[PDB]
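Here's the letter readout for the chains.
Number of protein chains: 4
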Amino acid sequence: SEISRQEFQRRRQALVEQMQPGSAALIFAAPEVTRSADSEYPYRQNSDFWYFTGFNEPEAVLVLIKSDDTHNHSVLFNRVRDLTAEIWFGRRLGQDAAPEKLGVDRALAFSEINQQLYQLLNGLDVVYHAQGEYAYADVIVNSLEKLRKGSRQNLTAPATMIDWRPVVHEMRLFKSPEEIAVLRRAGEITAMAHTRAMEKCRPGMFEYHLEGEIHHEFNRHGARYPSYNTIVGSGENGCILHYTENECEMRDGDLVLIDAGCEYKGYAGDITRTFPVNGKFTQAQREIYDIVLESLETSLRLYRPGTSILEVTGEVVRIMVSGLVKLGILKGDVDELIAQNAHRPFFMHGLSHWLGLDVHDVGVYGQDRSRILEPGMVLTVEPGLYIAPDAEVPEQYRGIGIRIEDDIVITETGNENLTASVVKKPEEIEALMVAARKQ
Amino acid sequence: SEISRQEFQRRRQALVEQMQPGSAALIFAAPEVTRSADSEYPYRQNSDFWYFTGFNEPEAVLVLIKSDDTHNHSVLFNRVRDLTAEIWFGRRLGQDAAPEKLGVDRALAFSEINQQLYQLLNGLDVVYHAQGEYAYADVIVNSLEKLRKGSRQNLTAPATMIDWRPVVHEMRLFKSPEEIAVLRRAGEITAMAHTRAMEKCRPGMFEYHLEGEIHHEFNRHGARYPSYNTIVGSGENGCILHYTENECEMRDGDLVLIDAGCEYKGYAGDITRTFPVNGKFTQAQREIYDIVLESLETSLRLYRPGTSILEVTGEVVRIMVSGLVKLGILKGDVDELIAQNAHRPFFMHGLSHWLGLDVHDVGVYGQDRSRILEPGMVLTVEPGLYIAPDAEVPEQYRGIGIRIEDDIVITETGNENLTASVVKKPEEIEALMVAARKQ
Amino acid sequence: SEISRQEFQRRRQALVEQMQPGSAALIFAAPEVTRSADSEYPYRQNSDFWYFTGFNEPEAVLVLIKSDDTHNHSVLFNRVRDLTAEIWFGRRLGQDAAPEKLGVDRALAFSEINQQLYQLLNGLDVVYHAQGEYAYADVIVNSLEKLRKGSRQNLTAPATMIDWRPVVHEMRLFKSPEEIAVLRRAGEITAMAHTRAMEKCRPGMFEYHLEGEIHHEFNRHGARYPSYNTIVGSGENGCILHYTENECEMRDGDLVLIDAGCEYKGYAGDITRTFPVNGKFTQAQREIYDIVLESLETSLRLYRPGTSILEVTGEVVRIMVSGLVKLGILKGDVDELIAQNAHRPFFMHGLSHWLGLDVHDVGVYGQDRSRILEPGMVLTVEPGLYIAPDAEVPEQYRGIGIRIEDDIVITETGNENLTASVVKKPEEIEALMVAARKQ
Amino acid sequence: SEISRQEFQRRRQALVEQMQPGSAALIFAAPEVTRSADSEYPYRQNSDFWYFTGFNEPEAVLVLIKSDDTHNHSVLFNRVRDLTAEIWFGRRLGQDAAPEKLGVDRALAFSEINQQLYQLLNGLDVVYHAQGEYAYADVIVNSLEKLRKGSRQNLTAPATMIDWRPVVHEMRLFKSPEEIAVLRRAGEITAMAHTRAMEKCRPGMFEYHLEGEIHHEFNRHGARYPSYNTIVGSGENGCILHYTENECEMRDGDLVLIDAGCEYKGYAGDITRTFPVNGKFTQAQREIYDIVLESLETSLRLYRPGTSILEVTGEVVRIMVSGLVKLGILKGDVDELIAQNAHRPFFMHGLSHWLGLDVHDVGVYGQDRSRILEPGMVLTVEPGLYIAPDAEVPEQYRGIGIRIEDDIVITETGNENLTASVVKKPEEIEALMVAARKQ
Ligand SMILES: [Mn+2]
Ligand SMILES: [Mn+2]
Ligand SMILES: [Mn+2]
Ligand SMILES: [Mn+2]
Ligand SMILES: [Mn+2]
Ligand SMILES: [Mn+2]
Ligand SMILES: [Mn+2]
Ligand SMILES: [Mn+2]
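Residue numbers (the entry's author numbering), protein chains in the order written: chain A, 1 to 143, 145 to 440; chain B, 1 to 143, 145 to 440; chain C, 1 to 143, 145 to 440; chain D, 1 to 143, 145 to 440.
Some hints here could point you the wrong way.
Claimed, not checked - Cross-link-like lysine-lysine pairs, in silico, DSSO-like; alpha carbons within 30 Å at most:
(1) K201(B) with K439(A)
(2) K147(D) with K201(C)
(3) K266(A) with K201(B)
(4) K201(B) with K201(A)
(5) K201(C) with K201(D)
(6) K439(C) with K439(D)
(7) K201(A) with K147(A)
(8) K266(C) with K201(D)
(9) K281(A) with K327(A)
(10) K147(D) with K147(A)
Derived from the structure by calculation, the hints contain no laboratory data.
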């Protein structure tokens with residue numbers, strides 16, 4: 001599944017629809033980035049620029065001009081076709097093929113941006129620009146100065162600049178059926194990688210070995226890159242939320258927390274599964290795992306239109322405090338403990354965040370993530386309990402870090418879980434591992 | 001194999017040895033880099049900062065102070081130990097453990113760099129700084146302005162600034178036995194990945210599938226990342242030197258050029274192998290492959306102390322022109338054709354480049370890469386012939402891109418080939434592929 | 001005459017009136033400026049910041065907040081009272097006395113601007129800021146980034162930024178009776194300086210001597226500084242529009258063009274008078290002077306509400322071409338010559354420009370300065386003829402540069418000439434000079 | 001008197017003499033500076049650029065190239081001759097006339113600086129550049146990056162950058178006989194201005210009136226601009242060291258402290274004289290004035306080769322403490338009071354500073370201004386006593402600010418006072434004022 005040219009065009013029309021007449025929206029591509037000396041990291045297009053073009057080249061600017069309420073057109077600045085630059089670094093779309101290919105009205109060489117942009121903004125009343133996103137973009141836009150100082154040439158600069166991100170990000174917050182299909186495939190690809198990791202894990206292997214298995218699985222399904230740096234934290238490393246070293250050998254008797262997700266057609270998969278390295282939870286590991294699983298299951302039953310992340314979080318907190326008191330990790334009255342946020346040393350992050358072109362996707366959460374949920378919103382559900390190796394708790398719980406994380410989409414009557422194809426019930430994990438351990 | 005703390009210390013002493021008395025050398029860590037929004041690319045330490053520390057954290061500065069000819073000491077500025085930043089993002093070395101761990105005399109918090117640096121440069125005569133490398137580094141160093150304007154406080158700024166790169170890069174150009182062992186392991190890891198790719202390749206698979214196989218092989222041996230973006234160009238894509246899209250399905254009857262190398266302990270492996278997708282070279286494919294192979298073999302026999310890349314290139318050019326004339330691709334007198342650089346449309350890059358902490362390693366080449374080779378120098382050997390799909394040559398050669406690339410180390414009496422463990426003779430490639438194709 | 005605190009307040013209310021509810025206008029002071037090393041030029045406040053405050057200190061920002069349609073208040077950031085900085089450099093208004101003194105509601109220390117500004121813009125919908133005026137102002141305003150990234154702290158940034166200059170400059174274009182009184186005094190002060198210069202001029206004196214006389218006259222009336230760099234161009238120097246060297250000794254038989262105006266209470270006086278150095282126009286000097294004077298007189302009769310600078314310019318051009326044809330300087334048909342802009346080599350600048358807090362005052366001119374004139378507009382009237390020393394014209398006209406420039410205010414039924422108190426009719430100039438030359 | 005072309009050439013040769021072979025010194029002109037909107041302050045050339053050229057145009061760079069120990073040449077980048085830019089703003093030297101005029105070997109258009117500079121620095125070992133002086137200069141110099150990255154074009158960048166200021170400023174610290182003649186004329190011009198001010202001062206005049214008299218006197222002698230902003234502090238304003246408002250009406254019975262100096266041929270005059278507004282010192286005014294005068298006279302007797310500013314300051318401090326104890330302003334033992342720096346609340350600045358192309362001239366002072374004085378050094382001598390209007394001292398001394406400041410040149414056997422032509426003994430001041438007050 002993917003996002004076609006037609007949908008990119010619809011998104012552009014939806015923005016223009018919200019734009020004032022006599023205005024221009026400017027959307028810039030991500031700059032290339034250095035890894036070391038003259039080598040660069042694999043190119044990652046800006047999420048917002050991608051959302052409107054599906055074009056993976058740097059040095060490109062999308063210009064949406066709304067002359068009036070009926071008249072509007074698009075202009076793309078992109079790298080010119082160059083034979084020696086292409087023989088060396090790869091093919092370029094160029095200007096001739098851009099209009100038909102992307103669905104834009106015109107295409108100009110990026111090399112001419114400073115000679116053409118001011119001419120496109122001349123006499124407009126508003127310019128929509130995401131100021132402060134990229135320094136090179138700001139330099140180009142600020143160079145407005147030509148218009149401001151060009152009255153003798155009969156040039157006028159738009160006196161209003163509006164940040165298009167709040168509107169674009171609210172658009173991104175609500176997925177189209179096509180986007181949900183893409184995310185559904187990403188969740189499925191990420192689930193297969195996690196299953197594979199569970200089936201490959203053996204005491205003595207290095208944490209990065211599971212990362213290697215996961216990235217090979219992402220790749221074979223057409224998702225070349227992870228949507229974020231893979232986390233493989235065994236033993237004490239599981240208490241580090243974003244532990245990315247993945248350098249320790251995995252110990253017999255320790256749990257391993259895997260946080261990994263692919264990037265398929267620009268969209269993020271986001272899955273976390275914690276399981277025993279030897280295929281068998283110990284009693285103390287199983288006791289913490291149960292609290293985190295109930296937190297997840299209860300959340301999955303509750304998430305729906307009408308509720309909110311904040312509301313569902315209160316349910317998880319009560320589940321957590323209850324279990325921590327029962328195990329002896331917390332001491333006191335449940336309601337009193339809840340009132341003093343006593344769960345915080347063991348659960349210090351949020352239960353959810355939006356999911357889309359970015360793993361921590363754009364969109365307003367409302368204070369304390371209280372915004373009412375509506376169909377089309379995609380988010381993660383990732384309770385966790387992390388007992389520090391030196392926490393003042395019963396000895397057998399120290400160094401246990403557990404998180405169990407799925408990706409869901411709010412539907413008309415609940416939510417659809419995009420990553421339930423990888424097991425999370427302890428007996429199922431053990432059963433899965435036991436079958437793999439026998440060949 | 002690896003580079004221990006002792007060797008990092010020796011390198012620091014070797015720099016100090018070359019430094020003037022009453023001076024300070026400043027070496028900055030690479031800044032973290034954004035991939036998208038709030039997600040960052042996997043951290044890659046600056047090669048020069050790594051060369052002297054083996055420390056993989058950002059926001060760190062190595063300060064080597066040479067008080068006089070007998071007295072010198074080191075100061076490291078690095079991120080302070082922070083409990084909440086570590087619970088979230090990972091462990092930090094901190095200041096207490098830095099001296100013993102890295103072998104530096106003192107360690108100060110990076111947060112105090114602007115309050116301490118000027119005090120360290122006060123009254124020195126020279127400051128060695130790689131100006132223009134990183135903007136943040138330049139801002140810190142330029143803020145010298147405190148010393149210049151602080152005469153009333155009895156402060157004086159060094160009036161001389163020397164770029165330490167020419168000296169450090171000349172150091173990097175000559176590998177220690179330990180570095181050669183690391184590169185030898187990197188060449189071996191990269192060769193196993195290429196062998197694996199040859200054995201997995203089947204018509205119909207996508208170019209990125211081979212990239213997935215290669216990166217999984219790098220990973221299992223402890224080389225998490227490639228030293229450069231993997232190139233898998235089948236058919237016409239083989240004529241694009243650094244084709245990294247790797248998006249086309251591989252065709253029965255086409256050749257596939259794979260350019261890939263791992264990064265092991267900071268060092269680059271750099272291997273290219275071109276072979277038939279179906280396990281069998283066609284006559285026309287075999288005819289071009291032979292010219293490129295002879296170019297490589299002859300070069301491997303010749304490379305040694307006393308010669309140069311330029312000198313060996315002349316040998317390759319004659320081999321190329323000779324074969325292109327014999328095949329009908331070039332027309333005329335060999336010596337006349339050589340004199341007019343007639344091979345250039347088919348071989349447009351250099352035969353070698355240095356290899357080390359960077360795939361295109363630092364070090365002076367001499368005009369036209371004429372510097373006399375000496376033991377300890379590591380370089381690649383990567384003749385290639387690329388016949389454009391529209392080249393005015395016999396129809397059967399169009400769209401053929403071939404490159405065969407090994408990594409070598411110049412020794413006292415020749416060179417040691419670090420990547421010969423992956424086959425390159427056509428019968429050997431076919432034999433290898435034929436055995437894999439039967440299971 | 002001057003502009004009191006009440007008027008500065010009215011101007012602030014008039015801006016707020018035009019502002020949208022839920023917005024803030026930011027107006028920054030001019031930065032101090034270096035003359036050489038550690039010495040600075042005499043401080044000149046930004047015209048727009050002055051227009052709203054009458055406050056002559058650097059490091060100050062005026063913040064006008066419009067909470068809604070009925071509620072609005074002002075906050076001033078200004079240098080804190082410091083005993084040692086004041087003993088050395090001068091008194092500072094400080095925060096305690098600012099509210100009453102300037103008429104603002106609150107005053108905060110400039111040192112706290114970055115800790116307070118974002119708090120003042122939090123939750124507003126619009127921020128009016130003159131982007132690109134001062135780099136330091138832009139850095140402060142862009143540091145919006147705190148609001149954008151502070152959603153977890155419940156902070157929101159205004160998504161709209163509007164340039165307040167077009168509105169403020171349109172305000173500045175129309176003078177209040179008080180401003181016209183100030184400009185009237187400035188025109189009178191500048192006229193006395195020009196009269197003094199005419200009465201002091203003697204062959205052999207240096208051009209800068211007249212500049213010295215002029216600046217001494219400005220000073221004695223309370224106008225310490227010129228509104229622009231004084232121009233004293235004798236002989237060939239008169240053909241250089243903004244000749245400011247004023248280094249040549251004045252020759253018997255040459256004309257001297259003086260362009261000078263004071264800055265009184267922030268407003269510009271702008272007067273040009275050209276006269277013979279020896280007190281007597283030669284026939285050739287008198288013949289060119291007559292054309293320029295008729296151009297000025299005709300313009301002074303015509304300027305009124307309903308007409309425009311462009312319209313009056315056409316009248317001047319016909320006068321010029323007519324006289325140049327009659328003298329032999331131009332050859333051909335008057336109407337044909339006018340049609341080919343044949344006067345341009347001799348009159349290459351505009352006839353008028355606005356006058357106010359800046360000598361070349363803000364305000365839209367309309368294409369080709371065609372905007373219809375209205376009461377309250379202040380402008381200059383400064384025809385000129387400059388015959389280059391090598392111009393292909395009758396020998397006796399070469400090296401003659403003449404300009405005669407007055408400042409006027411458009412009234413309900415014409416214009417009031419603010420600088421007619423300094424003579425411009427040749428017989429009057431000669432009469433004036435002849436009387437001075439006898440003591 | 002002035003500095004001719006030959007001397008500018010000698011200075012350039014003296015720098016080249018101290019430069020290493022295979023190097024280039026870069027000296028940039030001061031950028032033009034905005035006063036308001038499109039009007040600029042009168043141009044002030046950078047002191048160091050002036051010191052080597054005597055050229056008063058912006059957008060110019062002096063390049064001194066020392067090929068070896070015998071071979072060296074100069075290249076000047078300066079604004080090209082442009083007919084329309086000159087008709088409007090003034091004449092430009094241009095490239096054709098530059099070599100002969102300034103005495104440089106070649107002159108190139110400033111517009112070509114980025115295409116030519118790197119070519120001039122190619123292959124050199126050292127570049128002398130005053131980093132951080134001007135941002136535009138740094139941008140030009142840093143754009145070295147072309148050389149660093151141009152090895153394939155056979156370009157090499159100098160690896161050493163040396164700040165030429167310490168050497169140039171040490172040169173500037175020692176005046177040539179010609180420079181001393183210029184400073185002698187500047188001191189004489191400034192003394193006539195101060196005499197004029199004393200003779201014009203009358204109760205009721207405004208402080209800025211004396212500033213007007215002073216600047217008119219500077220001007221008539223060919224010193225158009227002050228070397229620093231004129232200070233005219235009457236009454237309590239005299240206790241503000243650099244009071245430049247000069248806005249108060251001068252009161253009968255108050256003292257007026259005038260700090261003013263001209264800028265003649267680039268050099269600074271620097272004189273301070275404090276006298277009664279009504280021509281008669283009161284007893285309390287006379288008692289403080291005597292302490293400051295003795296401090297000055299004693300210093301003038303002492304200043305010579307072999308001593309230092311620090312040494313002479315100790316003499317002044319004893320004189321001050323002695324007189325303050327005798328008047329009742331200080332209480333205690335003189336030696337004890339001196340030991341606790343009890344004079345500091347009344348004398349808080351230094352006794353001297355260097356004088357030359359900058360009023361606070363370049364040159365190393367040594368810790369606490371202890372550098373041994375040598376012939377050729379020019380400095381000021383400006384003891385002062387400032388009793389705050391609220392100081393806990395006898396009522397009659399409050400609000401008295403007095404400073405008496407001369408400019409001297411250290412000679413072989415003492416010093417020559419360059420500004421003694423304006424009276425400083427109280428009876429002489431009164432006598433001077435009394436004669437002027439009668440007409
Ligand atoms: Mn996750
Ligand atoms: Mn997540
Ligand atoms: Mn390669
Ligand atoms: Mn290579
Ligand atoms: Mn004028
Ligand atoms: Mn004018
Ligand atoms: Mn002074
Ligand atoms: Mn002084």
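Here's how the hints hold up against the structure:
1. Between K201(B) and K439(A), the direct Cα distance comes to roughly 26 Å. Compliance with the 30 Å bound is thereby established for this hinted pair.
2. Using a Cα cut-off of 30 Å, the hinted pair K147(D) and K201(C) is violated, with the two alpha carbons roughly 58 Å apart.
3. For the given pair, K266(A) sits about 25 Å from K201(B) by alpha-carbon distance, which is consistent with the 30 Å threshold.
4. For the given pair, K201(B) sits about 20 Å from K201(A) by alpha-carbon distance, which is consistent with the 30 Å threshold.
5. The suggested pairing of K201(C) with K201(D) holds, with an alpha-carbon distance near 20 Å, which does not exceed 30 Å.
6. Restraint check: the Cα-Cα separation between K439(C) and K439(D) comes to about 27 Å, which is no more than 30 Å; the hinted pair holds.
7. Taking the CA atoms of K201(A) and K147(A), the gap is near 62 Å; set against the 30 Å cutoff, the hint is violated.
8. Among the hinted pairs, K266(C) with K201(D) is consistent with the structure: their alpha-carbon atoms are about 25 Å apart, no more than 30 Å.
9. Between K281(A) and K327(A) the CA atoms are separated by roughly 23 Å; this keeps the pair inside 30 Å, and the hint holds.
10. Straight-line distance between C-alpha atoms of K147(D) and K147(A) comes to about 29 Å, which keeps the hinted pair within the 30 Å bound.
Of the numbered hints given earlier, the model fails hints 2 and 7; all others are met.
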